[PDB]
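Shown here is one chain on its own, the form solved without this ligand, set out as structure tokens.
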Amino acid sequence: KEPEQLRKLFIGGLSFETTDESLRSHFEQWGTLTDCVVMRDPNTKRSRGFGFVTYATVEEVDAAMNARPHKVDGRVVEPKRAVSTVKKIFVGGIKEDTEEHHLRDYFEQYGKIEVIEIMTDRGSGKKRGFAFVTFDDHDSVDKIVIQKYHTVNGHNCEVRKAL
């Protein structure tokens, strides 16, 4: 079983009318939910406007994220994977033989790429062995940086959020 943290979505921007039950009914469209909670004030029981859902598998999380935008109880909400929000990554260790198509063909499977920037030496124009990739959506980055490994053009790459 995948670690539970990797199976959780934080759902921000809830309708205050959303309940555990309606949040669950919504998000069960994309998978089995092992947990589903709307955060409320301990005293007033008034919604705090966010909650979390936990799916049985990461593929279900992916399904839910791919089904954004989610309108729950009339309001578009903001699902994000639980922490381990940017659209850009640093990709290091790609050396001088890694080209844009290597980066694209790999990373485009995480989501839509807007910019690939292979870093070259300001003086010499030689590849510096790292790149930045900008995606159209943060979940691409969130999926990427939770991976233990990235292999691109046969290189073991170091990938992290870029800001």
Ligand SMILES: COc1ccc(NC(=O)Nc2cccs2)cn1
Second form
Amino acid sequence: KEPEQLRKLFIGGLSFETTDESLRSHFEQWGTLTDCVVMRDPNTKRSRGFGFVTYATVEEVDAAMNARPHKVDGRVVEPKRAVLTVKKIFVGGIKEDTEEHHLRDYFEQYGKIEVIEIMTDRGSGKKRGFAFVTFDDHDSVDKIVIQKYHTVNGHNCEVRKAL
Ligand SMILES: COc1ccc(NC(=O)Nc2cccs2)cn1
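Now the other one: the form deposited with this ligand bound, given that the block above is the form solved without this ligand.
Starting with the chain above, the whole complex follows.
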């Protein structure tokens, strides 16, 4: 079974009227939920406006994020994977032979790409062996950076969030 941390979505922006039960009924549409909690004040029991769900598999997490925007009890919520919410990554170790279509063909299966920037030397124009990819949405980056490995154009690349 995949580590539970990778099966969790933190849900921000909840309606204060959302409950464990109503959050579960909503998010069960996209997979089996092993956990579903609305965070509440320990004294007043008033909702703190966020919670989390835990799916049985990572593919269910994917399915849930692909079904965004989620309107839950009348309010659009903000689901994010557990870990810095950015849309850009640094891709290192691609050397001089890696081109734009290599990066695009690989990274477009993580999300919609808006910019690919292959870095070149300011003086010579030679490729410097790293690039930046900007996506239209943060979940692409979140999926990317929790992988142990990235292989592009035969290279094992180092990939991290970029600000
Ligand atoms: C380790 O990642 C975490 C851990 C705790 C948290 N707490 C939160 O407030 N969760 C969120 C609400 C909406 C989106 S993120 C977030 N991310």
